[PDB]
Amino acid sequence: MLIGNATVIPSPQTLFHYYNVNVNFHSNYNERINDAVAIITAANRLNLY
Amino acid sequence: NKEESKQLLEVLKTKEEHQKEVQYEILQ
Amino acid sequence: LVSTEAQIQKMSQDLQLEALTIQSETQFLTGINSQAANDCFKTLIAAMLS
Amino acid sequence: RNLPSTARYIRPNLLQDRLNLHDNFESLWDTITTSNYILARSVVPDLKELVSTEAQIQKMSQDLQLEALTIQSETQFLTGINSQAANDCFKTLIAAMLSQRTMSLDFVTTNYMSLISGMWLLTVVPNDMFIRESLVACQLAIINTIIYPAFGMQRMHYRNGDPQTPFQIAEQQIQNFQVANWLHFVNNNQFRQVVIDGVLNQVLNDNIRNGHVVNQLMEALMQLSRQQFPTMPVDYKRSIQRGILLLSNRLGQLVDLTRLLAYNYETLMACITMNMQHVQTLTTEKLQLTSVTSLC
Amino acid sequence: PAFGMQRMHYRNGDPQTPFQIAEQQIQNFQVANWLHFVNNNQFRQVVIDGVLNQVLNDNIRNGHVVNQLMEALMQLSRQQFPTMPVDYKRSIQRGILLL
Amino acid sequence: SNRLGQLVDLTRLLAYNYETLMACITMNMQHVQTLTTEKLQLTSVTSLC
Amino acid sequence: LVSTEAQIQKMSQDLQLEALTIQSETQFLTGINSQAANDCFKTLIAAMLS
Amino acid sequence: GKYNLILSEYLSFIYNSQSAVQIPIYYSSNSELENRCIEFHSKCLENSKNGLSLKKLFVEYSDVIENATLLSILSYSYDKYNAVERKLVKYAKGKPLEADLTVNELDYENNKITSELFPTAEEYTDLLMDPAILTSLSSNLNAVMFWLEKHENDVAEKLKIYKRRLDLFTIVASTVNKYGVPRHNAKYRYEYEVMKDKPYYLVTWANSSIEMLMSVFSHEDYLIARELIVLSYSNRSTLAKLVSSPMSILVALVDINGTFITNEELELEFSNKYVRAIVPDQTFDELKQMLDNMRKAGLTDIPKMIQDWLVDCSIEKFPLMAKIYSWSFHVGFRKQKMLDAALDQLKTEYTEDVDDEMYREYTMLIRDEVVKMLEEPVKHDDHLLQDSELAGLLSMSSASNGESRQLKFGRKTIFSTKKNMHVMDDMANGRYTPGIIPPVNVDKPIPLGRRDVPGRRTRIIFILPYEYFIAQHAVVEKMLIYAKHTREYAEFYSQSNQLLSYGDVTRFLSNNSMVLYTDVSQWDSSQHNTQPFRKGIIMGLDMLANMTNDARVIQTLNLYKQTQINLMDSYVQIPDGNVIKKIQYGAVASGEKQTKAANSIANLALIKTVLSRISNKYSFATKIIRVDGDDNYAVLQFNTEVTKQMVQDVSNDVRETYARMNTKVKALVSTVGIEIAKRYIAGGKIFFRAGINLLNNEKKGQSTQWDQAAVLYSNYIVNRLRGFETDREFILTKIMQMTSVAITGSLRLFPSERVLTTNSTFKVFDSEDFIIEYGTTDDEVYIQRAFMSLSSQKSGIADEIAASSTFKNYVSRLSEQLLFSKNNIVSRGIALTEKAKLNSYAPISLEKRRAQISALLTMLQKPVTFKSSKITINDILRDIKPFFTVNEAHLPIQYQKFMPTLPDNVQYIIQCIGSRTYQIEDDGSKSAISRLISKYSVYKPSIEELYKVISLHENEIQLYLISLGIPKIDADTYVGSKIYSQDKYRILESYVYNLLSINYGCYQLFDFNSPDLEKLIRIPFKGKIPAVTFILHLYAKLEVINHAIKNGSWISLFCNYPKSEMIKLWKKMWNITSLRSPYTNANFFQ
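If you're matching them up, the sequences are chains X, A, G, D, Z, E, U and R in order.
For the first sequence, the residue numbers in PDB author numbering are 593 to 641.
For the second sequence, the residue numbers in PDB author numbering are 72 to 99.
For the third sequence, the residue numbers in PDB author numbering are 346 to 395.
For the fourth sequence, the residue numbers in PDB author numbering are 297 to 592.
For the fifth sequence, the residue numbers in PDB author numbering are 445 to 543.
For the sixth sequence, the residue numbers in PDB author numbering are 544 to 592.
For the seventh sequence, the residue numbers in PDB author numbering are 346 to 395.
For the eighth sequence, the residue numbers in PDB author numbering are 2 to 1087.
Same shape as in the complex, but just chain X:
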C-alpha cells in the first residue's frame, strides 16, 4: 500500500561486500575441508588405531 515511482537497487559496495564475504566463506570452507580430508586420509593410511 506504500509504493510509487521510486526504485531501490543494491549499491555496488554492498554487492561487492556480499560477494567477497561469500567468496571468503566458500574458500575457507574448501580449504578447511581439504585440511581435514588430508588428516583423515593420512590417519587411515598409517594404522593410528
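Just so you know, the hints here were simulated from the structure itself, not pulled from any lab data.
Note that CB positions come from ideal geometry on N, CA and C, so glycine has one too.
Incorrect hints may have been included.
What the hints assert, rightly or not - To give an idea of the chain U side of the interface with chain E (calculated C-beta under 8 angstroms), a few residues: (1) 379; (2) 381; (3) 382; (4) 390; (5) 394.
Using the hints, position chains A, G, D, Z, E, U and R against chain X.
Relative to chain X, chains A, G, D, Z, E, U and R alone:
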C-alpha cells in the same frame, strides 16, 4: 492421652484403603 | 515513500466507516504503518535469497 | 505380572433384570436413571482445549456489523455464548443417554439463535429420546418462524393432542428434494435395539457415526439461503441467514464434534452390563438452548 | 460462498492442498488456469557458472500472472453472494477494491 | 400473524361466552341502533390481541 | 396472560427499532398494558350482549 | 442513614459532660429551604459561640432535622485527651500476663523492658515493634469500649458472642492496666519516653490482640483467641509460620467429589469428577512432629481441633481448618532487623559435589528460552529497541524507589527516592551517562529493602542506579510480550489484562494422576542463582547478537551483557547500628525490572532440569507445569493407577534429586490439593488466604490518615470474602475516629455517613457491603459538583521544579534526542506531559491532597454552593428513574457451590447466577490506541485524562499525543484512521467501571453477560445510541441485584425510555465531571 493417639494412628489406616495396594500386597 | 497518513486517509475516505458499529473493515487498518513495509521488504527478499 | 495356575478369581452374577423394573417401578427407575446420570457425569471428559471466548465474539460481531456495546446486553441472538453451559450440556447429554434420561428445555421463542442451534441437536439425535412437550414446543416454534415462512407456507394450525409432530406433517407440504431427504432421515431416524455381549443396546445408524448427515443439513440450509422470503422483509431474513452463517463457518468443527460424541458414546455403551431400555421418565434435566449455541 | 458452494470438509493430513482439489471443484475459466499455474508454480534448479540457482518462471518475473488473477477477481467482483448478506458483500468487495 | 391461531381461539372464546350469557336471557334481543355509544381505544384491542 | 414486558421484548426483536428516526412503528407500543385488554374484553362483550 | 446515630451515641459516650456540646450542620438543594437552613445554621453557630443550650431549637426546626442532609458534627469539650482510664477501671478484674523469655530464638525479640535493650534513647528505635499506622491505641480502646457498652443489652446468640469477647477484653484489660497506656505523638508513633518503663513488644501484641478479639463470632473463635492471646505475648517469630504450615499436607487428604475447572482465566465449568486421596504413612509422622512442636509451644485446644477432624476427614466440617488457616495471619509481623532477617536467607552450604552435567543443561534451557523470547524483535528491528534509552526514560515512573540523594531545585533541597528525578539531577552536572554502566563492588555496594508478608520469611530488594533499569527495560518488555501467551508463566500469562486466579490443576486430577507442588521461596541465596544463570543469559545474548545486523541494537545488547556481568559480582550496603557491613553476594534477588519474570524462568528451568529424573523410573505424561514466584507445581498422569509406595519412593527420589544439586526442599506430593501463598484447594473447592494485618502494616507508606482507612476497609472486605470475618461496626467506628480531626485542644470535627459512602475522590466504604450506593437526589450531585470543583489543585513545588534549570535541560535533551524546530508548539506540550508523571512523586501528592483537604474543610464548616450545572452520574440516574417498572419474580436454584467460606447470601446469589467469565479493559489495554501505547511505552494514562481527551477537537488531540513520545507520522495516521471514535465506547465503559468499582471488589466477581440476569432485564433494543442502552442495562442489573441482596427476592424490569430523552441525554454524555479514588478499590486478588 497418647495411647489413644497411637490408636488414632492405627484407625487412620483402615480408612481410605486403595485397591491396587491390597492386591499387590496379597501378591507380595 | 508516499505519506502514510495521506494514503491511509484515502483508504479511510474510501471505506466510509461508522463510529457506532463493529465493522470488520476496521481490522483492515491493523498495522498499515511504515517501518514494517521496510521490514517485510527486507524479510521476504532475504528469505527468498537465503 | 504373570499369574500361576495355583491362582483363582471369582466371576460376578451378571444376569439381567428378572423383574422388569422398567415396567411400573417408575420411582425406582427414576432413582436408577438419576443415579446413573450423576455417576456418569463424573466420567465425561473435560473439554481440554478450545478457542478463546472473546477472540471469537469479535469475529462473530464484525461478521454481523453490530452496534457497539451490544455484547453486554446480548440482543437476544447473542445470549449465553459462554462455557459453564456448553460443558454442562456436553456432560448432561452423555450422562443422560447412558442412563437413558429425557431432558427438558427452558428456552425463549424471541431468541431465534436458540432455535437455530437446536436444529443440529434435534437432527443428529432421535426425538423419542427427549421429553415430548419441550421439543414439541421447540420444533413448533422453528417450523412456525424459520421454515414455513421461507416458502410462503402458512404459519401452522396445531393441535395439542396431535398424533403427528410438526416435522411429520411438514415432510409432505414443502417441495424440496434436499429437504425431503433430510426430513426422510429425520422422521425415520431412530435407535436400533440390538443385543451384543448379552446386553441390549440402543444404537445409531452407522451413517450418523461417520458424519454425513451434516451434508444433507448444509444442502438444505444453503438452499434456504438461496431462496427469498417474499412475505417478510430483508433485515429479518438477513438476521436469520447470518445466524446460520455463524454455524456454517463452524461446520467442519461441528462435523468433528459430532463424530467425537458418537465415538465416545458408543465406546462407553460397550462398557455397560445392565440392559438399557428406551422409556420416558418422570424427572428431566433443564437445558438452556444458549448452552447449545455455546457448545457449537 | 461467492459461487455458492459448501465451505469445505478438509483433512489435516490431506495429501492434496486445498487448491489442488479446488482446481477441479470450481467452474471458472480464470481461476482454473490460475490454480493450474499455482499447482505448477515451482523454482527451476539450474546450474549456472558452477553454482546452482532457483530461477523463476520468466512469466513470474515480468508480472503477467497477476493478469490471470486480477481478471478472475474482476469476474468475482461482478458476482452476487447468493448465500450471504449484502453487508458481507460490502466488506469483502470494499477490501478487495483497496488492492 | 405470529399469534394467528391464538386469535382464532380468542374469537371462538368470545363467541362461546357471548352465546352463553345469551342463554341466560329471556327478553328478546333486537338489532337496533342505540342512542349513546361506548368509546373504544384500539390500543386496548391490540393489548387484547 | 403473557407478561407485558416479555411481549414487548418479542415485538422489539422482530421490529428492528432505531433510536434516531421518527418511526411509525414507535406508536405501536402506546397502551399495550393489561387493565386495557381487560377493559376492551369487558366493553365489547357487554355491548354485544346488551 | 444509621451510621450517624452511632456517631452521636459515641460522642455522647466518650465526653459525657455538661460542658460537652454537640453541633450538627446541614444542607439542602432547594433555595428557600436552604435559606432556612442557613438561618438555623447561623443561630446554632451563635448559640454554640455563646454557651447556650442548643437542644431547644431542634424541635421548632424539625423539618431541617428530618429532610435536610447532614455533613458533620463538631464538639467543644474540655479534657486533656485521656478518658480511657476514666472509663476502664471496671473492665480489668482478670489476671495480668507474664512473659516467657525462653520462647523466641533471639534475646531482644522477647517482650522485656525497653531500657534493658535500649538504655539510651539516642540508640532507641521503635521500628522493631512500630505498628506503622496512623491510628492510636486510644482510638482502638475507645472504639472497643463504646461497642461493648452499646451491645450490653441484646439477648440472642449475639449476646453469647458478646459475653465471649467481653471475657476476652477483661483478660486483656487486666494486662494493660497493670502498666498503663502508651501515649501517641503527632505522627501516631510511640517514643522512648512513654515506653521507657514498660515492655518493648507490648504495643503490637496489644493492637494485634484487639484485632483478633474483634473477629470472634463462634465458640471455636473464643477457643482460638484464648489460646493465641496468651502465647502471642511471648512468641513473635515462629508462630503464624508454624500453625499455618500443616495445611499444605491437610489439603492432600480430602477426596474430591465435584470440581471446578479453568479454560481461559475465568471460564468456569464445573465437573462432577471424583478423586481419591492416596496419602503415605510418613507424612503423618511429619504431621505428628509438627503437632509435637505445637504442643511444646503451649497448645492444647488446637491439636484437639486438628485431631477430632481426622476421624472422618470430611469436607463439610473442614472449613474450620480454613478458618483457622486465616487466623494465623491475623496475629502480626515478625518485625526483626534488616540484618537478622537477611540471615534467615544468608546461610549457605555450597559444595563441589553436584553434577556438571546438570548445570550445563540448566544453562542451555535458559539460553533456549531467551532465544524463543527474543527471536522476533531483535530481528525485525523494532524502534523500541533502538531507542531503549528514551523508552526507559519514559518508563522511570514505573520503577522502584532509589536511595535517598540530596537534590536542589533552584533554591530548595530535596531528598527524593524517585529515579526520574535522580536522572534529572544527574543531567545538570553532566552525569547522565547511560553508556557507562556503574560497577557494583566494594567501591559501591548496594542498599536494601525488605519485602515482608506475615507467616512467611522476608525477601530482599536491590536499590540500584538508574542505568540498570534502562538496560533491562526493553529486553524484559519483549520477554513479557512473549510471556503474555505462554501459559506456564502464571504471573505473566494473560488475555492482556488478567492473572489466572483459580489455577489450572483441576482438568486432569484423577485416581491415576498425581501432582508435585513445592515452595521455592528460600531459593534466592541458592547456588543455582549464581554463575550458570547469568552466563546462560550472556550466551543467549551472543546468539541474539549473531541473529541481528543493526548496531544500535548490538550496543544495547553489549550493555545489557555487561550489566549481567556486573550483577554476577554485587556487594550490599547493610547497617548494623552505626557501622556498615558490605557482603559478597554474586547472585539474584528481587528489587529489579528483570527479577520477577527472570525468577519465573529460572524456576522453570530448574524444575525442567529436575524433572528429567523421575523419567528413569516412571512413565508419565507431563500435562502441566506452573511457576509463580515463590512456588511451583506440576501435574502428571500415569500408564496405571497410583499407590502409597510409589508416592513415597518418588518423594524420596525427588528430595534426593534436589540434594544432588545441593538444594533444600519440603517436597510435597499429592493427588487432590495444593497450598501456596495466595490460595489453596481441597476436595475440588477453592479457599483463599485472608492474611492482611489491619492494625499493623508491612512498611510505612505515604498515605494520609484518611486514605489508610479506605485501604483498611478494602482489605476488610477482601478478608471477609476470603473467610476471615471481623465485626463491621468496629471498622466503621475506626473510620469515623480516623476521619475525625482536632482543630484545637477541645474542638474536634466528625464527618457523616453521606460523605464517606458517596461516589467521589473521598469515598471510604459503603452503607451496605458489596454495593456501591448512588444518589437519586439533587444533594449528592450538589456536593459532588463541589468536590469535583475542588479536586483540581496545584503544587507550588511542582510549579517551581518545572520552572528550574533541570527541567529545561531535560526538555532540551528529549527534544534533540527526538525532534527539533517546533520549540514553541510541542515542547510546551511535552513539558505538560512530563507533569502528568511528576505527580507520581509523593510529596507533590501530599501538597495537592493536603490542599484539597484544606479547601474541603473551608466548606465543611460553612454552608453550601450551587456549583454551576456540571453534570455527573446522579443527575443521570435521577433522570432515568421515572421510566421504570418493577414486578415480583421467582428464580430457581441451578448453580453449584464452590466457595463455602462466603456468606450464605453471597453464595445464594452465586447459587442462582453465574460467576464472571471475562475481564473488561479497565485501563483500555486492548484498545488500538493502547496497543500503540504498549508499543512506545508501558504507561497507563488514567481514565480521567482519556475520558477528557476524546471529547476535544481534532487539533489539541494531535499535540497531546505527539507530546507522549509518539512521533508525528503515526499520530497523523491515527487521526486519519478515526479509531478513537471506535474507542469512545470502550473508554466510557472503563470510565464507568472505574468510577463504580465494577472491576474492583464484589462486582469484580460477577457475570454481567449472564442469561439468568438478562431475562429479568427486559429492556428492548433501539440501536444507534450505544452508551444509553449500555448504561441502562447496567443500572437495571444493579437495581435487581441490590434488591436481591437486601431482600432475597427477585424482580423483572421494563424501561420504555423516550427517544426525546435519549436525544437530550446524548449531548449530556461527553461532558461528565466525576472521579473515584484509586485508594478505595478492593482487589480480591492481591
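List, from low to high, the hint numbers that the structure doesn't satisfy. none
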